[PDB]
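With the hints as your guide, set chains Y, R and C onto chain D.
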Amino acid sequence: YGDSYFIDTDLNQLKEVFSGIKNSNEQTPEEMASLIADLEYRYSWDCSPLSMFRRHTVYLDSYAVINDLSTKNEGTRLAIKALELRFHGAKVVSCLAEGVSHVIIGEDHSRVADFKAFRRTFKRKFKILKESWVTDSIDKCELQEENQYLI
Amino acid sequence: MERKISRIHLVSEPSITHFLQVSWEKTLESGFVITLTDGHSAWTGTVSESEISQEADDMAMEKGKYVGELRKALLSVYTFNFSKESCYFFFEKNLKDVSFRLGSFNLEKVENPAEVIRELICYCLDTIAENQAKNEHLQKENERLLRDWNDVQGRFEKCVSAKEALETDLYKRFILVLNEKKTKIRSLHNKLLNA
Amino acid sequence: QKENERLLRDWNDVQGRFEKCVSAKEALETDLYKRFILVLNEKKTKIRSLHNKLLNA
Amino acid sequence: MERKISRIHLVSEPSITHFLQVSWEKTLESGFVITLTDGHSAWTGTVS
Numbered sequence: 761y762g763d764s765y766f767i768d769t770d771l772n773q774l775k776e777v778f779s780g781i782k783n784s785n786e787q788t789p790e791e792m793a794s795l796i797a798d799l800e801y802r803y804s805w806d807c808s809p810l811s812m813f814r815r816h817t818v819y820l821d822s823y824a825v826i827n828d829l830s831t832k833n834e835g836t837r838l839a840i841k842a843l844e845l846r847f848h849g850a851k852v853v854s855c856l857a858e859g860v861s862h863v864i865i866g867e868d869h870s871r872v873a874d875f876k877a878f879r880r881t882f883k884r885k886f887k888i889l890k891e892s893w894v895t896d897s898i899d900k901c902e903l904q905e906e907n908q909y910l911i
Numbered sequence: 001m002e003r004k005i006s007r008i009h010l011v012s013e014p015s016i017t018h019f020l021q022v023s024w025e026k027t028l029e030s031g032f033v034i035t036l037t038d039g040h041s042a043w044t045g046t047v048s049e050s051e052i053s054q055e056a057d058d059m060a061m062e063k064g065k066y067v068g069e070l071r072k073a074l075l076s083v084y085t086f087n088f089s090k091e092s093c094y095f096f097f098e099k100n101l102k103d104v105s106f107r108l109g110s111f112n113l114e115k116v117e118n119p120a121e122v123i124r125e126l127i128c129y130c131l132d133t134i135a136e137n138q139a140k141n142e143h144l145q146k147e148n149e150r151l152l153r154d155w156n157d158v159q160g161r162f163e164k165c166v167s168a169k170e171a172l173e174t175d176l177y178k179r180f181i182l183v184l185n186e187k188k189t190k191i192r193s194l195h196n197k198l199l200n201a
Numbered sequence: 145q146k147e148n149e150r151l152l153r154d155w156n157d158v159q160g161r162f163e164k165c166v167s168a169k170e171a172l173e174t175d176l177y178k179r180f181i182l183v184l185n186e187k188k189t190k191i192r193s194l195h196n197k198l199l200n201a
Numbered sequence: 001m002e003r004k005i006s007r008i009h010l011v012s013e014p015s016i017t018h019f020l021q022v023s024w025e026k027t028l029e030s031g032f033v034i035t036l037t038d039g040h041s042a043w044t045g046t047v048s
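Protein chains in written order, with PDB author numbering: chain D, 761 to 911; chain Y, 1 to 76, 83 to 201; chain R, 145 to 201; chain C, 1 to 48.
Chain D on its own, in the form it takes in the complex:
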């Protein structure tokens, strides 16, 4: 590819090389997230702010019916919190399967009894957190302790 094994190289040199590599997306988003999560673990980039939620899979409770993709509550401040979670490395997901570590709750608690009930099913059990956990962690550039943000 034209980065020289026999010479150690600069920003402009790897930029050129990167712009010459083709465009592709065969890696699954899930494969890719773990490649990134592993590289940031090896080289200690994992506390970097824009990756702080990398190890969080997150469901966002704007659906009036849990897991029904038809029931979106658009124009709520939860939409800004999904921009925020995505911007800082979270795997935001539109369906709550076994793979979820966190559920995020806004103003409308009309769903919390059913999250808590559905969570009785699970082998590894998600947390249910207030919106303010995402906010406070981004503002402090660092994962804030989840226990004060529970339910």
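All clues given are correct.
EDC-like, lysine to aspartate or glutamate: derived pairs with alpha carbons at most 20 angstroms apart:
| # | chain 1 | residue 1 | chain 2 | residue 2 |
| --- | --- | --- | --- | --- |
| 1 | R | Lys178 | D | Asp770 |
| 2 | D | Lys775 | R | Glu186 |
| 3 | Y | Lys140 | R | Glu147 |
| 4 | D | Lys775 | Y | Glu173 |
| 5 | Y | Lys90 | Y | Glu114 |
| 6 | Y | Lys164 | R | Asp154 |
| 7 | Y | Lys90 | Y | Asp38 |
| 8 | R | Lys187 | Y | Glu186 |
| 9 | R | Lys197 | D | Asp768 |
| 10 | R | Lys169 | Y | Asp175 |
Rather than coming from a laboratory, the hints here were simulated on the basis of the structure.
For chains Y, R and C alone, kept in the frame of chain D given last:
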């Protein structure tokens, strides 16, 4: 000077609406002017600090619960009774199978059924109109705030998408360059342990 | 009144967060390449060495 | 249906505020009912 107006009945005339009107200086607690009408006739009273505070002294009801119960009762179970001659008005807090006295006014009526009804209508029509003006202003103002909020939403979505694509794109290219180096290091490391 | 208060807060909110995000995005590409340069030059050092030794044997 | 209360002064009666009430089905043009009152008396009629 402040004021409220409200529709009532009397058990003395069960079939028909009346209007109480309650007007006070600063608070309901300084004392006040009260006015009853059917739609035809002018009843009035003035009942002031020295004796409104005497109500919650003659009665077992304490000041907070009584003035609170009165603003529930008066300023919209309660039950209202008046007689036009005696000008006695009274009302009482009806409970489930017990019932106890709340208040009464020996009112004294006035001469101007019309002037009374005019001020009541003019108050409503003014208070209506000022609120529709405010409702336009806040509506405009907070269209601007939503209009703006929705645009920053849009731009933030563009920035979030550009940031995700920037990561996965850069890491995919890094992974390709890095992995080829790692594979060659492995191949050579093994090839060198062997030769 | 309620909707005005909410949106005045919420507008200040996403205005600040967005501009913080724009600045952070604009640093991100320098950051990643600085990290990659070093890792990739250290790997090249290991390849130079092992291939030189393999050539001599 | 629409109605609309409006407060007026008759030329006859400088100091009495009167109330004109109009009531109709969106086009005033279809005809309307009209009331006047002064807080003591009331009058009505209709236009087609």
